[PDB]
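S.K.: The residues making up each chain are set out below.
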Amino acid sequence: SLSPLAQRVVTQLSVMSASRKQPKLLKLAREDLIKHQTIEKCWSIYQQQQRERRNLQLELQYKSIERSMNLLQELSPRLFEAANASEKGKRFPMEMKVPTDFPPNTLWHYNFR
Amino acid sequence: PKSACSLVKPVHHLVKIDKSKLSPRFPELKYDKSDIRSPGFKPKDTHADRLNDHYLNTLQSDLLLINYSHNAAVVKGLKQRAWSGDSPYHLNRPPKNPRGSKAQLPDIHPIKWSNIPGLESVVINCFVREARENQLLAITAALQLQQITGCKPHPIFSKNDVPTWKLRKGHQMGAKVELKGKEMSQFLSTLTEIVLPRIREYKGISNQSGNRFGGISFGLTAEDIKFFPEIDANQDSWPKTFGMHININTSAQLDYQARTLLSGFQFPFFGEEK
Amino acid sequence: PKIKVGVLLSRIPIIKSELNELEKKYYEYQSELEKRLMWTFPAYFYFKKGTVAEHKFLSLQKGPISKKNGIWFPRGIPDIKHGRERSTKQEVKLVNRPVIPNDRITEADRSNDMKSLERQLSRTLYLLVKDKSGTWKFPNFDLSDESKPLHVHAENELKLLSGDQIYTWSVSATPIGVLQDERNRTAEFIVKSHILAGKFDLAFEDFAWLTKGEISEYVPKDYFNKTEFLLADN
Amino acid sequence: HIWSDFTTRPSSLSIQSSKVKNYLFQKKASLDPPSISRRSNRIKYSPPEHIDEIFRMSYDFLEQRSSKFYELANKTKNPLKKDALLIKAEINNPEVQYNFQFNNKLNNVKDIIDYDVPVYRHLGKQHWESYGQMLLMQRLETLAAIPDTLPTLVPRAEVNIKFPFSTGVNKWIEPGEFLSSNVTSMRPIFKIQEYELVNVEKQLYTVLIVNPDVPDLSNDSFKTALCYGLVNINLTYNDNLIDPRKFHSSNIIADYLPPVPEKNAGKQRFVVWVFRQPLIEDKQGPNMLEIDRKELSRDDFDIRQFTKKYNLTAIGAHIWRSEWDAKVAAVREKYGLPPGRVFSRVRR
Amino acid sequence: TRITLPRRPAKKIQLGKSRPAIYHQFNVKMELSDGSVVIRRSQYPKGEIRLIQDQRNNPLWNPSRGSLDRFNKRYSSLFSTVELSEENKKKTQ
RNA sequence: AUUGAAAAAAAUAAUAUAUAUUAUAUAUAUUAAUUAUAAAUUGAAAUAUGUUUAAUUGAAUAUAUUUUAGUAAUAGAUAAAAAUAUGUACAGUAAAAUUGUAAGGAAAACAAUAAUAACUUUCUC
Numbered sequence: 034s035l036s037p038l039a040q041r042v043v044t045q046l047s048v049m050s051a052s053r054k055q056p057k058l059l060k061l062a063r064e065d066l067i068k069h070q071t072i073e074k075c076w077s078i079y080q081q082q083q084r085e086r087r088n089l090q091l092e093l094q095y096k097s098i099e100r101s102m103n104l105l106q107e108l109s110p111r112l113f114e115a116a117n118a119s120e121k122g123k124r125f126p127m128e129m130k131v132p133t134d135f136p137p138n139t140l141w142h143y144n145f146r
Numbered sequence: 019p020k021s022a023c024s025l026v027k028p029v030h031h032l033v034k035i036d037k038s039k040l041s042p043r044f045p046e047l048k049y050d051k052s053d054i055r056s057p058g059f060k061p062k063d064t065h066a067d068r069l070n071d072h073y074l075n076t077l078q079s080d081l082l083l084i085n086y087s088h089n090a091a092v093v094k095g096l097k098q099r100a101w102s103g104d105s106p107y108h109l110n111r112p113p114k115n116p117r118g119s120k121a122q123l124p125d126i127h128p129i130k131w132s133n134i135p136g137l138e139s140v141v142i143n144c145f146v147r148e149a150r151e152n153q154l155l156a157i158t159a160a161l162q163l164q165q166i167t168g169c170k171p172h173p174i175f176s177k178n179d180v181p182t183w184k185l186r187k188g189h190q191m192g193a194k195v196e197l198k199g200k201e202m203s204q205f206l207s208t209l210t211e212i213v214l215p216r217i218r219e220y221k222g223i224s225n226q227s228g229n230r231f232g233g234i235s236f237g238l239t240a241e242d243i244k245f246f247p248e249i250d251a252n253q254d255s256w257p258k259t260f261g262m263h264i265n266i267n268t269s270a271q272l273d274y275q276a277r278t279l280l281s282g283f284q285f286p287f288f289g290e291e292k
Numbered sequence: 023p024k025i026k027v028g029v030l031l032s033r034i035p036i037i038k039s040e041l042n043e044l045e046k047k048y049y050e051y052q053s054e055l056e057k058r059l060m061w062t063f064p065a066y067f068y069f070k071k072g073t074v075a076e077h078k079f080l081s082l083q084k085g086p087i088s089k090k091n092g093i094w095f096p097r098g099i100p101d102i103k104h105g106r107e108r109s110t111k112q113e114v115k116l136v137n138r139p140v141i142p143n144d145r146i147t148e149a150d151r152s153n154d155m156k157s158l159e160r161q162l163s164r165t166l167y168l169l170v171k172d173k174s175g176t177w178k179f180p181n182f183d184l185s186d187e188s189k190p191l192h193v194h195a196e197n198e199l200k201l202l203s204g205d206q207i208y209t210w211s212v213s214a215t216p217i218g219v220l221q222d223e224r225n226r227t228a229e230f231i232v233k234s235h236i237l238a239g240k241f242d243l250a251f252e253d254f255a256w257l258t259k260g261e262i263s264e265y266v267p268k269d270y271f272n273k274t275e276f277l278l279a280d281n
Numbered sequence: 020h021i022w023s024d025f026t027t028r029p030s031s032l033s034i035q036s037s038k039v040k041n042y043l044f045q046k047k048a049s050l051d052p053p054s055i056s057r058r059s060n061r062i063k064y065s066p067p068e069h070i071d072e073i074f075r076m077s078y079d080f081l082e083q084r085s086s087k088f089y090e091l092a093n094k095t096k097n098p099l100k101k102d103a104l105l106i107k108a109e110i111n112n113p114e115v116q117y118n119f120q121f122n123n124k125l126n127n128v129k130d131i132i133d134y135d136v137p138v139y140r141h142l143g144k145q146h147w148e149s150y151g152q153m154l155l156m157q158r159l160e161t162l163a164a165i166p167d168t169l170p171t172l173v174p175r176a177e178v179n180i181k182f183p184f185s186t187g188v189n190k191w192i193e194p195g196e197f198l199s200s201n202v203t204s205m206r207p208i209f210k211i212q213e214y215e216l217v218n219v220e221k222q223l224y225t226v227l228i229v230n231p232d233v234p235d236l237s238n239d240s241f242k243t244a245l246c247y248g249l250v251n252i253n254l255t256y257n258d259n260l261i262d263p264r265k266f267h268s269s270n271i272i273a274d275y276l277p278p279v280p281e282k283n284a285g286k287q288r289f290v291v292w293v294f295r296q297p298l299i300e301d302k303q304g305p306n307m308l309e310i311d312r313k314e315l316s317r318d319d320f321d322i323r324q325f326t327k328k329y330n331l332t333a334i335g336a337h338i339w340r341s342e343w344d345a346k347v348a349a350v351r352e353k354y355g356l357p358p359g360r361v362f363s364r365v366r367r
Numbered sequence: 020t021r022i023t024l025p026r027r028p029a030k031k032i033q034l035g036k037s038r039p040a041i042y043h044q045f046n047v048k049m050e051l052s053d054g055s056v057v058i059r060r061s062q063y064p065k066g067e068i069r070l071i072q073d074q075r076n077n078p079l080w081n082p083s084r096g097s098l099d100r101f102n103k104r105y106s107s108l109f110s122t123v124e125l126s127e128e129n130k131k132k133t134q
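These protein sequences, in sequence, are chains 2, E, 6, 1 and V.
Take the first sequence: its letter number 78 is residue 111 in the authors' numbering, and every next letter is one higher.
Take the second sequence: its letter number 273 is residue 291 in the authors' numbering, and every next letter is one higher.
Count the third sequence with the authors' numbering and you get residues 23 to 116, 136 to 243, 250 to 281, in order.
Take the fourth sequence: its letter number 104 is residue 123 in the authors' numbering, and every next letter is one higher.
Count the fifth sequence with the authors' numbering and you get residues 20 to 84, 96 to 110, 122 to 134, in order.
None of these hints come from the bench; they were simulated from the model.
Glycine is no exception: its CB is placed at the ideal position from the N, C-alpha and C atoms.
Be careful, since some hints might not be right.
Said to hold, decoys possible - Across the chosen pairs, the derived CB separations fall in these ranges:
| no. | chain 1 | residue 1 | chain 2 | residue 2 | range |
| --- | --- | --- | --- | --- | --- |
| 1 | 2 | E92 | E | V92 | 38 to 46 Å |
| 2 | E | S132 | 6 | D172 | 34 to 42 Å |
| 3 | 2 | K121 | E | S132 | 16 to 24 Å |
What the hints assert, rightly or not - From chain 1, some residues computed to sit far from chain 2 (all C-beta separations above 10 Å):
| no. | residue |
| --- | --- |
| 4 | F25 |
| 5 | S54 |
| 6 | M76 |
| 7 | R84 |
| 8 | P113 |
| 9 | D135 |
| 10 | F184 |
| 11 | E196 |
| 12 | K210 |
| 13 | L236 |
| 14 | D301 |
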């Protein structure tokens with residue numbers, strides 16, 4: 034009927050498939066449904082607020098930068114030129130790592146190079 | 019059929035009739051997939067995404083600061099040129115195609131608080147070419163992909179036909195999977211930390227790699243996939259293993275911006291940039 | 023007007039941000055919803071039948087109550103496939138060493154040492170400095186030469202202050218903002234830069256490494272207003 | 020805690036069921052849902068875990084938001100803005116959501132869903148837009164009741180009709196239904212549910228049922244026929260069922276003549292239109308209007324011309340459509356209308 | 020010639036009844052090369068893993084900061122730098 | 001309905017039952033199912049009845065009665081790989097060329113490549 038390789042392939046396929054592995058549908062009572070809706074809506078609102086806060090902050094930073102660069106242009110042309118360069122190949126430093134869940138054994142390195 | 023003449027009749031009102039809602043056929047389908055009452059419901063925002071949080075906090079501001087060019091105006095792309103009306107044959111003529119390209123190119127905007135570059139989507143294209151002989155290899159590749167991602171893969175089929183390579187048309191051959199949001203972020207984090215350091219002579223992603231507009235890519239060999247923790251934990255269960263292409267799609271206007279963004283997430287870049 | 027160089031050194035967080043009370047609970051709920059809706063664990067794949075590893079897993083697990091004729095099941099009749107009650111959430115209990142994570146709060150945090158870099162791990166720390174007067178501020182430096190670029194000059198000044206203990210990285214050549222005034226006809230152009238690996242430890252009397260919330264307490268109100276948005280909230 | 024206060028706020032914003040309210044607001048998931056009436060089913064049921072504390076937090080968050088909105092709402096002077104503020108404050112209230120979703124909107128009981136309350140009215144409007152309004156629009160366009168009678172419609176009020184007096188059975192007519200001559204023998208009953216903010220005391224309404232498809236053999240075409248015409252009707256958000264109780268004999272500009280389609284004349288559209296009166300300033304009370312009853316004719320009726328004359332704006336519509344059956348002759352006889360014509364089966 | 024698994028009749032997923040594939044996933048703790056632990060959701064059943072070769076001990080990711099084993103074992107008395126200096130004359134090549 | 005936990009009711013829709021009308025309506029009750037379907041000397045689980053250990057529950061083990069395992073793809077109204085070529089209903093847009101990417105090369109697969117003025121809703125200064 035089937036080889037051992039064929040069997041193993043079938044098993045692998047099954048791992049991915051939804052055939053006889055999935056539970057019943059999540060039914061709720063009307064009160065429960067409402068509670069869920071209120072949870073979700075509030076959360077969504079909170080997320081929107083956070084986005085606006087961050088977005089606003091970014092806008093403020095941009096405005097400050099603009100204000101700075103105009104001033105620099107007014108005062109010292111060479112300094113302005115130096116500031117406003119193409120940073121095409123700018124690379125973030127490899128020490129600035131993505132913050133983990135829990136910290137390492139040695140928290141901070143005081144010596145380098 | 020009395021005729022094939024298609025011709026949509028005009029209306030006498032501005033109300034937008036959603037025809038789906040007027041039926042009683044698919045009552046489960048009227049609910050959005052986000053809604054709890056739909057069978058299509060899935061808990062989306064299950065836990066705090068770490069890479070995304072990092073981007074929000076540290077990187078995004080830094081990226082904005084980098085990309086500020088003073089009084090930078092919009093750079094319009096190559097577009098379809100209109101004809102000068104110096105002849106009456108120009109009068110209903112289609113426009114001249116773009117200068118260099120056949121297809122139109124997008125406008126490059128200055129980076130401000132709104133349009134800072136960020137990760138949009140990852141796609142993991144695995145086309146196993148031995149599966150022209152063995153269909154079961156495609157299945158195994160799809161499983162591997164699923165294991166790696168925690169996301170449902172989609173089967174790739176042979177779209178073309180060719181004699182030199184023993185390839186038919188309409189044959190299942192490997193799989194793909196578009197990761198988005200938190201799963202994608204996790205996958206990137208795994209790539210940065212676990213897998214790519216275990217590759218021996220790994221210089222990084224090439225600086226000559228990428229789209230013209232905010233898309234960067236690279237690929238992993240069959241040797242490299244055994245470093246993924248889901249595959250590594252049962253090497254008996256994974257005798258064969260398949261390479262893959264990894265298309266990273268950013269919200270970057272240009273490719274150097276996208277490269278910079280990826281560097282922020284601890285991706286090394288080695289080659290001479292364009 | 024005199025050109026001056028402001029510098030704020032940003033030590034970035036080394037671990038995840040702490041979740042809000044609202045957030046945590048919501049996330050737990052979503053996890054429990056996922057679990058309820060999650061598929062059966064396909065144990066037949068990961069554990070081979072008639073193997074020592076499978077047996078341990080089986081022992082760890084406890085099975086579901088099957089339907090049996092002539093009995094009332096007041097929580098409905100058991101719906102079972104691959105050995106799981108479809109009507110409920112499934113729980114699957116699981136050098137050779139237990140992975141024990143380190144404490145997120147630190148010794149420095151406990152002591153409240155403001156000069157230390159390990160004192161907050163989930164927040165963005167900013168280098169502040171106290172001058173001859175009682176005021177605090179971000180490191181200022183006089184730019185008399187004006188030959189070199191501004192950010193480079195700032196970095197050099199920082200290095201000089203340190204005695205080559207610090208290891209910084211400028212985010213860009215562009216200045217983030219300016220602090221300006223009429224009494225002293227000057228202009229402090231603020232650069233942004235990131236401490237990567239070093240001490241500071243040292250005209251300025253004292254220094255500290257603080258979050259955005261603590262800087263408000265230390266620094267003046269007008270100054271804070273001027274330079275609030277530059278600092279990350281977390 | 021603004022949503023627990025009912026000093027200034029209406030009673031309708033609360034849930035009237037006590038058990039349901041208790042279930043909503045508890046400190047642990049101990050109680051069982053009032054919705055599940057049966058004991059065995061309650062036993063079987065299991066709500067999702069951790070739902071209570073999070074729900075409470077969400078309530079607090081949205082309650083705070085509502086309170087903040089109210090701080091603005093009371094300072095506001097102009098009425099539409101104030102209403103909008105009120106809506107914003109209370110729309111995310113769980114109790115009002117429960118009330119609206121799970122109790123009837125058509126024949127709303129005032130204590131549960133009060134359409135005098137702005138939030139509930141907004142909810143009702145949204146519900147109407149979701150399905151019933153779209154359906155009505157489709158039936159107007161497909162059947163060709165808009166351009167044939169009255170150019171366009173901008174649906175504002177939800178209009179539902181009924182024929183209670185003829186047969187006995189209770190049924191709201193779905194737009195574009197085929198009703199028997201027995202069903203539509205005696206007059207219908209309207210319900211004009213208004214969702215916009217409008218002056219309840221001043222605003223009058225007119226209702227016109229028009230039959231565009233009565234055949235005129237001189238013209239070799241059709242003509243309109245005003246089958247039923249009411250004017251100067253007073254509506255209120257909750258008190259809105261236009262019945263012989265409400266309107267007086269003075270309000271009837273053309274008293275109900277029934278659908279009596281001729282044999283082979285075809286299917287006849289009867290499309291009720293609901294207009295609101297023009298509102299005059301510097302005049303307290305409801306501004307009436309006089310109709311020249313000799314000028315307007317029933318056997319031929321320019322609806323558009325009539326509208327132009329009295330400066331009406333069509334807010335709502337509904338439509339049924341009748342064709343010939345055996346009982347139309349009986350209906351004619353009852354009403355004292357003539358025998359009724361019979362046309363050739365072929366449209367030659 | 021072409022090795023395949025021949026398809027059975029497909030099961031009709033009705034419109035609206037399609038359910039999203041929520042695979043069974045465990046919360047897995049990865050301790051990296053150093054003691055930094057990170058939680059990640061994973062399909063394989065293992066609550067804890069500790070990694071040997073990661074970015075946190077690779078030189079590319081931090082520039083600023096068993097044949098060999100067998101050999102070491104069975105040439106241990108000799109103790110095999123000084124040895125390199127002794128046995129590295131760079132004239133002949 | 002009995003069982004668990006610590007007077008009632010007021011939508012839609014479905015189901016059950018009843019009746020109203022030359023009206024596929026209304027009334028009351030209740031919220032099921034939702035990816036399954038025969039056949040397994042062998043795997044796994046439960047319950048019942050025994051026996052031994054620390055009246056007791058856990059733990060171990062025997063028999064009986066069941067339940068699961070036949071492990072197989074679409075999870076989306078799918079949308080230019082291949083497959084039902086006539087009906088109807090609903091919805092969408094192709095191709096080329098270009099820039100890239102593990103074996104991949106001119107030629108296998110995947111990604112990306114025209115413009116947002118005005119409008120509606122949401123959050124926010």
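S.K.: Between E92 (chain 2) and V92 (chain E), does the beta-carbon spacing fit 38 to 46 Å?
M.R.: violated, 19 Å
S.K.: Report holds if the minimum CB distance from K210 (chain 1) to chain 2 is greater than 10 Å, and violated otherwise.
M.R.: At about 26 Å from chain 2, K210 (chain 1) clears the 10 Å cut-off, so the statement holds.
S.K.: Measuring Cβ to Cβ, find out whether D301 (chain 1) lies farther than 10 Å from everything in chain 2.
M.R.: Correct as stated: the minimum Cβ-Cβ distance to chain 2 is 44 Å, above 10 Å.
S.K.: Quick check for students: does the CB of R84 (chain 1) sit more than 10 Å from each CB in chain 2?
M.R.: violated, 8 Å
S.K.: Should the hint that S132 (chain E) and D172 (chain 6) are 34 to 42 Å apart at their CB atoms be regarded as holding?
M.R.: holds, 38 Å
S.K.: Just checking, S54 (chain 1) versus chain 2, shortest CB gap more than 10 Å?
M.R.: violated, 5 Å
S.K.: Decide, holds or violated, for the assertion that all CB atoms of chain 2 are farther than 10 Å from the CB of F184 (chain 1).
M.R.: holds, 37 Å
S.K.: Indicate whether the distance between the beta carbons of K121 (chain 2) and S132 (chain E) respects the range 16 to 24 Å.
M.R.: holds, 22 Å
S.K.: Should the label of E196 (chain 1) as a non-interface residue stand, given a Cβ cut-off of 10 Å to chain 2?
M.R.: holds, 31 Å
S.K.: Decide, holds or violated, for the assertion that all CB atoms of chain 2 are farther than 10 Å from the CB of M76 (chain 1).
M.R.: violated, 8 Å
S.K.: Is it the case that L236 (chain 1) keeps its Cβ farther than 10 Å from each residue Cβ in chain 2?
M.R.: holds, 59 Å
S.K.: Would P113 (chain 1) pass as off the interface with chain 2, using Cβ distances and a cut of 10 Å?
M.R.: violated, 5 Å
The structure does not agree with the numbered hints 1, 5, 6, 7 and 8 stated previously, though it agrees with the rest.
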